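For reference, the chain that follows is the form solved without adenosine-5'-diphosphate, supplied as structure tokens.
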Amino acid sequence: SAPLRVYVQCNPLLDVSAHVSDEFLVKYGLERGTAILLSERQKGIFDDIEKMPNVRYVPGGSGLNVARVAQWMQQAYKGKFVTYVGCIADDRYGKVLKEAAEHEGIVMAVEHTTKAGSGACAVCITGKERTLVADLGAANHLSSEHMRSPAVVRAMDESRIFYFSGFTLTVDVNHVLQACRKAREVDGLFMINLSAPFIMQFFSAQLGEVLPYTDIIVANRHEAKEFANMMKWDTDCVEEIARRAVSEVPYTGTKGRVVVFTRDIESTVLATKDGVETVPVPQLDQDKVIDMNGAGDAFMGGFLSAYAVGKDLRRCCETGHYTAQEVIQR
């Protein structure tokens, strides 16, 4: 069964990943297991990490990871399923990022900007721990001019599911509203991931503009809770947050609103107009959890591939749990 055509938009980054010594982390002032933006303190880190004999370069950023996992689940339809849009630069990293993604079967309708080098994240591996240092680079400069280029307009015209990370809202909310309009035209489906709690705390106005067009909202517990804070919903119950997100956040669509809140150690919450269900999860135990950082991306990717082939909502969630588990345990 041929999947519906999916349009993914995010902030693309090359994952420059290597196993490194403890000394490496100290040299760049890095608190093991944390994730931060590049600052003066970490100047040199990319140059150094590239000298590690084990370094690997992998196309990254949250939405590109979703796209890759979703494509992985439908090997039969390389070049014929997922289109990805974002902004890179025309440099070695952008070259690796685009070609690696293409080889995996994703149509990369990316812009090449001159305003910055391609985004990247130094993934410093020490055993089962990953410490991240990110520089958004070119991703921040995705332009209106690219958004109205024939390739992007045709890709929107030809897709039926639209998936945007919350990070897209930090760049320019108008690029996102364009796709919301296109989803309306093609009678497609618009989905956002809430991405990170700071999105709701600092980019609530942008999120506000997009919500009415959003058919499916996906988030984890802490993002759900910051969403609650943003709506002035004073509760800690994620199930309550899901009900309100269904029925109390403006909705102008026709497909129906769906809310999926993942809850780490606890069951995933699934909500619609017909009520709330929970979807059990494994107790991820325990000397096995190698990639705690990419779990959410992997989940969304599984979800999205099941939704594209017509599976109902519980099995979309279950497909997502499965892909999150596989990716965590390498």
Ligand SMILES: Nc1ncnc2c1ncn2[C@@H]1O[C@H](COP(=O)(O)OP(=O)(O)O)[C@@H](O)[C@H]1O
Contents of the next structure:
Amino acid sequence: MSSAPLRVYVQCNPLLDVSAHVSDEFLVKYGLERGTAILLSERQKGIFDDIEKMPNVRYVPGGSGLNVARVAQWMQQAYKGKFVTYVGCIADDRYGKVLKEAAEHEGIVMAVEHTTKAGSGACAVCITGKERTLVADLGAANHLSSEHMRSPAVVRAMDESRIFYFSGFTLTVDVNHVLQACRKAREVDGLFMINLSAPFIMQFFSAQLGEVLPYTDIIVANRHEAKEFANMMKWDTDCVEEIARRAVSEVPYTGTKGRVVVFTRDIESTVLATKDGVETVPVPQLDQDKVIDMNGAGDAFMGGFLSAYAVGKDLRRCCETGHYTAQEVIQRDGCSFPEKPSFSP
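Next up, can you give the form solved in complex with adenosine-5'-diphosphate of this protein, since the form solved without adenosine-5'-diphosphate came first?
Keep in mind that what follows is only the chain, not its partners or any molecules around it.
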């Protein structure tokens, strides 16, 4: 006794994850802070050659938004092809084919661009225990064009979608692509949703972020991203609850659906805020010995949240569905799931 889900539009940078186990000395050798994500810089030249030379290196389709889409689609398997559409840029190369084929196999409509200006993007993922440390080399993802955003497939997708999710990571590419979707979302009275993605977005891309927030109905982030957001806004506060409250009322909002703020906190309760106050949603207890892979927990949470939102569940239940999905993924190496969910939103 379930609904068919509303159509969702997702946009991010499709990246192939190149993964390997690594010491702390290695992190420091390339100037990395453990458990964080950055964009490839000079300081990290050679890191891909170094990782590829290691044993049991894996090549796995990734990308934050793409993981979100896959998790959402996994929660709605009866609706392969009829649910999520994803937009990004790849190249027609080994990596690109892997990415496109995996997503399509799972039922995601890949409205992706193909460029020749660069090879399909990749992310170096450095495993140290349960923690992953990420270095993203966007390549082709960084060349997503206005032509592609004005194309028939994308405009049909936008026109027929009710829920729009962009990762914060898209802000490093071209803010105008994001603003175009913000406007279509308003045109159709849809929902626009964003992820803060990483502290560096607040530090180095606050201007771009600032253009998009007024259109953003739902803002999602984790504990660290929230503190960094407060720092960007110059808010003198040490509380995730207070930061969410201010994100509701003191961050400009030009929408009508109602601004909502969702901050996850790993083991601790998720903070959920609206103009009617601030609520917490407990995270079900889980034996930490079953927790194998912290990476992508946020992406999985997002997927659960969207899959519930698209069948019309209330916010609290959307967070509960997100907890369920995030807790499945962290119990497995990689972005991996049972055949079918055991949870009905």
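The term rigid core refers to the most C-alpha atoms you can superpose between the two forms while keeping them within 1.5 Å. Positions refer to the first chain, counted from 1.
Taking the rigid core as fixed, one finds a CA shift for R148 smaller than 2 Å between the two forms. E318 shows a C-alpha shift below 2 Å between the two forms [criterion: core-superposed Cα displacement of 2 Å]. Once you line up the core between the two forms, the Cα of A295 stays within less than 2 Å of where it was. In this core superposition, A120 moves its Cα by 2.0 Å between the two forms.
In the core-superposed comparison between the two forms, the CA atom of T254 travels 0.5 Å.
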